[PDB]
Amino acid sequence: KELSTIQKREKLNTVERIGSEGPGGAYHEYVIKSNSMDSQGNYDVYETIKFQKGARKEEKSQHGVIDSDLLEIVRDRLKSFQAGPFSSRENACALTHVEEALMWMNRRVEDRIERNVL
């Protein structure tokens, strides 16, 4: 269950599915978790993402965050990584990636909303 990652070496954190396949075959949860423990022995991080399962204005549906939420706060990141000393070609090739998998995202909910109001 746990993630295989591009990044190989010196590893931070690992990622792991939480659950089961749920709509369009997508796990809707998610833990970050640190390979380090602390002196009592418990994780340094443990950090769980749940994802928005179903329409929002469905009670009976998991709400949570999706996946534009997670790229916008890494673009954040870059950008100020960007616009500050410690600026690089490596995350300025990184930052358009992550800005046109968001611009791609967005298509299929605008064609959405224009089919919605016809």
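In this text, the rigid core denotes the largest set of C-alpha atoms whose superposition between the two forms falls within 1.5 Å. Positions refer to the first chain, counted from 1. First, how it differs from the form deposited in another entry.
With the rigid core aligned between these two forms, only one of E47, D76, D69, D38 has a CA shift of 2 Å or more: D38. Annotation: Cα of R89 displaced by less than 2 Å between these two forms, core superposition.
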Contents of the next structure:
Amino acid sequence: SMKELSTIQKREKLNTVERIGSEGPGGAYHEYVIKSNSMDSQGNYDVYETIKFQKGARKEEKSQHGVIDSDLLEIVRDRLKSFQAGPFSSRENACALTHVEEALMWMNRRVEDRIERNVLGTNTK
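In place of the form deposited in one PDB entry, output the structure of the form deposited in another entry.
Chain only, nothing else included.
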């Protein structure tokens, strides 16, 4: 099945984000589609992109390799840094960037804690 995400942005959205499939390992969904909101005059949706996540903890049998959430945030972190070094910097970009980095820091704190407890990549609290 598929459900569209309710996004924080409400107006002038370029793309919609769709959640594909059912809940899987960790309680998470593992496939998302980014799709143009509007069509051109020939009916084409210029953007139609699928992102598939790592599905199951990496050391567990039958897990499948994929993207991980920090990868996406690192890309947006780099984009925001570029925008701030470019001709159209803004305070909003500055604040978004700090929050994206703080998210990444919390995700990495989780990783390093799981390394310390020797549970990274396993289905263990």
